[PDB]
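Trainee: So you can see what is in the structure, the chains are spelled out below.
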Amino acid sequence: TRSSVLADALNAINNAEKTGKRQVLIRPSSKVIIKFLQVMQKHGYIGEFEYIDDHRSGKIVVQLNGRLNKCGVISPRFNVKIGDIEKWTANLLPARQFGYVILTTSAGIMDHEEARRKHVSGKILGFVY
Amino acid sequence: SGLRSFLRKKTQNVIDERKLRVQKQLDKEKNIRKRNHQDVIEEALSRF
Amino acid sequence: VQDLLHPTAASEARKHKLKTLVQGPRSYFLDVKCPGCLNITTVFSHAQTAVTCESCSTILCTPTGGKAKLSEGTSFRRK
Amino acid sequence: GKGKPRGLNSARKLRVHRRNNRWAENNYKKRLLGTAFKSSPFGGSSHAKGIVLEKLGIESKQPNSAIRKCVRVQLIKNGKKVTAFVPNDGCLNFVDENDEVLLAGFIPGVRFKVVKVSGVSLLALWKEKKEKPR
Amino acid sequence: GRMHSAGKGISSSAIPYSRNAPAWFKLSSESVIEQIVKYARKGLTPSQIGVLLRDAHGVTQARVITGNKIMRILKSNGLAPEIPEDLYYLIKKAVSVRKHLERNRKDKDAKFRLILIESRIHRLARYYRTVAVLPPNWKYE
RNA sequence: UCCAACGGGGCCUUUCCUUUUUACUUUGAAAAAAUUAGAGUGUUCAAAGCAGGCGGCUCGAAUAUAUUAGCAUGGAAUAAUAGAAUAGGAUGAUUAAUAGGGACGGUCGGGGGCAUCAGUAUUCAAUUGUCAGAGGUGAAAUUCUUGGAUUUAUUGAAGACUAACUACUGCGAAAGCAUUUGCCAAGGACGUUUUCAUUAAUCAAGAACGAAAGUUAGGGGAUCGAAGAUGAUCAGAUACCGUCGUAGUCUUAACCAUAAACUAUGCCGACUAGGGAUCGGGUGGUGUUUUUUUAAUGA
RNA sequence: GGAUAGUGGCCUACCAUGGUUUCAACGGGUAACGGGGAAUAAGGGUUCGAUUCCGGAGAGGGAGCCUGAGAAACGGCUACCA
Ligand SMILES: [Mg+2]
Ligand SMILES: [Mg+2]
Ligand SMILES: [Mg+2]
Ligand SMILES: [Mg+2]
Ligand SMILES: [Mg+2]
Ligand SMILES: [Mg+2]
Ligand SMILES: [Mg+2]
Ligand SMILES: [Mg+2]
Ligand SMILES: [Mg+2]
Ligand SMILES: [Mg+2]
Ligand SMILES: [Mg+2]
Ligand SMILES: [Mg+2]
Ligand SMILES: [Mg+2]
Ligand SMILES: [Mg+2]
Ligand SMILES: [Mg+2]
Ligand SMILES: [Mg+2]
Ligand SMILES: [Mg+2]
Ligand SMILES: [Mg+2]
Ligand SMILES: [Mg+2]
Ligand SMILES: [Mg+2]
Ligand SMILES: [Mg+2]
Ligand SMILES: [Mg+2]
Ligand SMILES: [Mg+2]
Ligand SMILES: [Mg+2]
Ligand SMILES: [Zn+2]
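Chains as they are written, first to last, in the authors' numbering: chain LE, 2 to 130; chain LW, 495 to 532, 544 to 553; chain NQ, 4 to 82; chain SR, 2 to 107, 117 to 144; chain NF, 2 to 142.
Just so you know, the hints here were simulated from the structure itself, not pulled from any lab data. Check before you lean on any hint, since a few could be wrong.
[To be verified] Capping the alpha-carbon separation at 27 Å, the derived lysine-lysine pairs in DSS-like fashion look like this:
no. : chain 1 : residue 1 : chain 2 : residue 2
1   : NQ      : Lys-18    : NF      : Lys-9
2   : SR      : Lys-81    : LE      : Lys-124
3   : SR      : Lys-3     : LE      : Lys-19
4   : SR      : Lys-126   : SR      : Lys-81
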């Protein structure tokens, strides 16, 4: 049964990127998915995406430009202190500024650099590079 | 190999057989298209 | 090549009801006129019951596996 | 899914699973049950006392032969007879029948060497830095 | 995704996107209410009532046409079920199987299905007790 | 007097009646000294020890460190938790998940249980015609046979079993399931603009069924047949065969719970290639076989 | 109610039948005094900590006491065992 919609969305995006598809369809949609995709967008890993409202969980169509090496979810959403953030970036990213680790904090969903700038912390959602 | 080759042979033969049957139907329909392009007692019984 | 966001209308018509971009029913409703009484009654396309004219108690359709078969002599319009 | 729970509240199942499975290791089992020294040559000790029964290769002709350097020793702890090496034929003179010898780990099958005789190191006797007390 | 079976069928009804009444529908909402009350008085269950209204009266969906679900409309008029409809049919189906097993003791197949039906009842009975739709002392036979 | 911004005060968006807390995270106290990290200092150097110098000098350890539990504090996300939520004139909330359950419609199936019908075949028995062999093997001998064997024809009885149709087709959780008809309940898929609204997945504990063989007590006992007896012990491709045949094979009521009980391969969910054959349901088109106010519906 | 410096099944009398437990009670093993700490490690972890400081407990093994503000003391007392 569907446990993590975000995992399914990110895996579908990964398979589309691997196969070279220029656009991918994600069902069901969620606020967490939209925020995560917005972070990827801001960092340029994805382009435009459009949300289709069907009076149900909804759908998303994402255009892909081939700039995404990998995107994944860290399940379970571990609690992360500010000191621990560096450790996570050491485990999930091939290099030190290559990629981002995305955290859901009291100030919203943001990459680790923004969380450090704002001095906030929370749980970890995933990574993109 | 073994029994599996024999089963492969049968399916291929059936597939080949189907192609011949279908081509016959296409040939016949073409003939019908070309055909379409180009005693008092019997008339009373023509309906039968 | 195809645009998932703006699919062709013919393409979606071929797809299953639930597999389209926004799922919706392929069924419809009908204005069926009673033969005996000439009154008009609404009948669901895939009706599961033998719809009878209220005035005359005459069967208008008979249920089937899919679309209900309208009784002989009953005229109909899509509403 | 890797065949293990990953939920954030599944610590107990992870802990109990590890404890049960740790006993599969032979090293872990021996460490906990205190049976790791059964395989030891001396049963857990680094050196073993013995009694010199005979100098078996004493009649061999070739000097400093491997056989000439073998002595049969009876372990005092359990009474098991074993063979030990002496450093050389010169050191064979200091060893005599019925004397206390200390053995240490080392003709295959000879896995011990004599380090002390009558409480005195052989090398000290060989180097003429001590006299064997009788 | 059938429970108690290996079937993977997806057959279902597809609710239309629009949540407003059809344009062609030109019957008063109140008249629809009286039809629901009459059919329930005759003894039809809410599932069967919706089929009749949709079949012969053009009622696409009671909630869409009237704004309230058939179950709420009946309770607003004093018509309520003794137990939830889905639980009612499961118990009735089990009763029929138990009656057959009484006459036929060698039907090991029917014996197997009774366990599946009964275990389905316990899962459904447990849900309603939690929601308090069903009294906590309620137990199946 | 008007328009565009920037700013203030009053109202309105209620006719009447019924009827947030936690988790998590930030920050601050606290967590003895010694120990650890760190700053200064020519113990002759070092390991160490150590806090005060000049006559106001703006000189000097500036210090830090601890997973959890308790205390105080800032938090918008995430995850649980709540509502006189969008209520009614008997009564509060949102979707209706290509999650699940239930319902309805016409189907589909060698799915199951109880009856019922048929089919030859095997064995046996009655009658019937004829006469020397029949059987079996690689070859023979027990065996049957002039009271007629084997073979022929007309029948009858018993107990099993459903050939050909039979297919890389169908059903069932698996084991398994092929004659007709009827009854009893069950079921997958499909159709649905019907219904409930999270009721779900995996599963220690705990439960039902489980080929063949086998155990207990009745019934039946045709065919085959472990065991046992007996004929022959000559010939290596036909080298273990022939006759009688106990238990068993069948069924009723309980035990046994094992198979190479196989994808030699945990389950649930999502995604990632092309192709056309088949089974079941549904939709549309078309023209052949069809056929007609009995009805009913096909290929 | 008694006893205590005092709360309290701490004990007594009379009442109820309670209390803990698969979120592991109860029982068993421990070459189990606990901690600050020590070692190793890149990080997570693993091991050691009788041993300079803090806290507990003991004075050959059980039991009971006098004095005193304070001890169930042991370089105080009395009995039993060795
Ligand atoms: Mg996977
Ligand atoms: Mg179903
Ligand atoms: Mg199946
Ligand atoms: Mg359903
Ligand atoms: Mg704390
Ligand atoms: Mg649904
Ligand atoms: Mg049905
Ligand atoms: Mg004869
Ligand atoms: Mg078939
Ligand atoms: Mg047949
Ligand atoms: Mg018997
Ligand atoms: Mg099998
Ligand atoms: Mg899968
Ligand atoms: Mg088809
Ligand atoms: Mg008492
Ligand atoms: Mg210890
Ligand atoms: Mg101890
Ligand atoms: Mg200590
Ligand atoms: Mg003391
Ligand atoms: Mg002593
Ligand atoms: Mg004093
Ligand atoms: Mg004392
Ligand atoms: Mg003393
Ligand atoms: Mg003292
Ligand atoms: Zn009429």
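Trainee: Confirm or reject each hint.
Mentor: Structure-based check of all given hints:
no. : hint                   : in the structure
1   : NQ:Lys-18 - NF:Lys-9   : 19 Å, holds
2   : SR:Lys-81 - LE:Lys-124 : 66 Å, violated
3   : SR:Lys-3 - LE:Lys-19   : 23 Å, holds
4   : SR:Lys-126 - SR:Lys-81 : 19 Å, holds
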